[PDB]
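What follows is one chain in structure tokens, specifically the form solved without this ligand.
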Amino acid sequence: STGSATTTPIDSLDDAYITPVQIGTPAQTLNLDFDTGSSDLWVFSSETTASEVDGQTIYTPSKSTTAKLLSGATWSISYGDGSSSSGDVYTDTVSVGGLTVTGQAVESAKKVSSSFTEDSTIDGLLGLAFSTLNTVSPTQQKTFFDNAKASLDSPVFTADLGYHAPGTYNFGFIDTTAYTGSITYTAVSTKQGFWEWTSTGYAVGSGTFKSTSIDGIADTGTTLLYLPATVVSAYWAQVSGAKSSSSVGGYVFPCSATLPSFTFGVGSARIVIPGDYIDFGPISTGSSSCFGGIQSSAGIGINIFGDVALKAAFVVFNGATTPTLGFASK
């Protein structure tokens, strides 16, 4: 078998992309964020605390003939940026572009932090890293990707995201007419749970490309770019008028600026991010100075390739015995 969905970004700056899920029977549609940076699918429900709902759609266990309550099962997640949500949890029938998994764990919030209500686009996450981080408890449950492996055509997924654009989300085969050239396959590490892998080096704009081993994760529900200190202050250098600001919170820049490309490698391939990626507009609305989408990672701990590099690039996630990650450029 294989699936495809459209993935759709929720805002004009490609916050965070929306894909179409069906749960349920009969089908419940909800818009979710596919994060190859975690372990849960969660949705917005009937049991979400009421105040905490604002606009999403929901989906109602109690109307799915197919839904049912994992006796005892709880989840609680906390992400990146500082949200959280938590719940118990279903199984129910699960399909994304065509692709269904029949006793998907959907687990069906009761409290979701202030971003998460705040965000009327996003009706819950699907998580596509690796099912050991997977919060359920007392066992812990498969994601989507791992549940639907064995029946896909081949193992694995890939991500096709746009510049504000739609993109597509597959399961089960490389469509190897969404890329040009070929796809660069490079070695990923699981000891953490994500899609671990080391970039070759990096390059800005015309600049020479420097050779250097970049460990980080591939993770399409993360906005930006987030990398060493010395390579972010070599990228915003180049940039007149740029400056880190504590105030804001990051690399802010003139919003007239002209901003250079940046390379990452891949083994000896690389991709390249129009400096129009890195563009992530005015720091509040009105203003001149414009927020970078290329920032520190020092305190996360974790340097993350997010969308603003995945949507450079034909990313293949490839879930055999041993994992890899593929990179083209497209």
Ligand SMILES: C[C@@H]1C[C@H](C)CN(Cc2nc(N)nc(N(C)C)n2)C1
Second form
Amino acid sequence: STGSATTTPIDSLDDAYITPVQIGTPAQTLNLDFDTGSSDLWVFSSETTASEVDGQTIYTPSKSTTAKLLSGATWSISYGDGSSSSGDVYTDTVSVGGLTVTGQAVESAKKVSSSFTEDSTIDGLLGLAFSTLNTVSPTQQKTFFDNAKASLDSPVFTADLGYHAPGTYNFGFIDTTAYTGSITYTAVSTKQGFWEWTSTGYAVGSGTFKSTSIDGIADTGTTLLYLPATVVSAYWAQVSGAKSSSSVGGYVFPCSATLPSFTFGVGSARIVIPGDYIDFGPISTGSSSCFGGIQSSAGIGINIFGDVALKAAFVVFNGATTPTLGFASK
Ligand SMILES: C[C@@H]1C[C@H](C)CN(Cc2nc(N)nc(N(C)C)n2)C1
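Could you present the same protein in the form solved in complex with this ligand, rather than the form solved without this ligand shown above?
Next comes the full complex, and the chain you just saw is listed first.
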């Protein structure tokens, strides 16, 4: 089996991407944020505290003939940005792009934090990191990908995110028409539950490539590229007027600037992030200070290859017995 679904930016900045997902019988279609940095599939639901729902589409398990309470199971998750959600759990049929899993754990939110309430376009998350991070207690649950894996033609999924445009998540096959050149594969550590890998270095604009190992995670659920302070300082030093602002919470730059590209290494291959991808626009409406798309990871405890990086590539998440990650230009 295979699946193929279009993923669409939620706003003009590509803050996140939503992918339609069919849950239950008859289908209830919710737009979920596919997140390779977490491992819970959770949804706004008929159980979500009413004051915490503001425009989202909800899953109503009582209207699904295939829903069953996973008795006694609860979940609670916190994300890197300080947001959180929690609730109880149903099993139900879940389909993505024509690929169906029966008995998928669908985590029904009873509570969500304000950032979730405020984002009317995101109806929940679909985690695609390793199932060892799943928060369901007392019986940990598997991700959609892990459940689907045995049925897939090949034990892989791919992320092809667009820059200010739709893109694609495929399950079970590699679309050889979706990238240019060859795919370079690199080793993954699953020790922290993430798609964790080591980049071989970087370049700023037309500058020379610096060979240096940068350990980080491929995280479709993080907007920006978070790298060591040394690397980030070297990038922003090439932009006149750029500075780190403690009041704003990161590097900002004059909106009149033209940003240089940023290259990261994957083995002996190179992925180039165009300068435009690093522009997140005014910090507030009408401001001439713009927020940068490359920020320091200092204090996070891990480097994060978020959407800014991933959208510059066709990315293969290879869930074979020994997982690997592949990157191609596109
Ligand atoms: C780190 C956060 C902190 C809050 C207070 C302001 N924002 C400004 C801002 N402006 C813009 N344009 N884009 C972003 N992000 C993509 C995160 N954020 C940065």
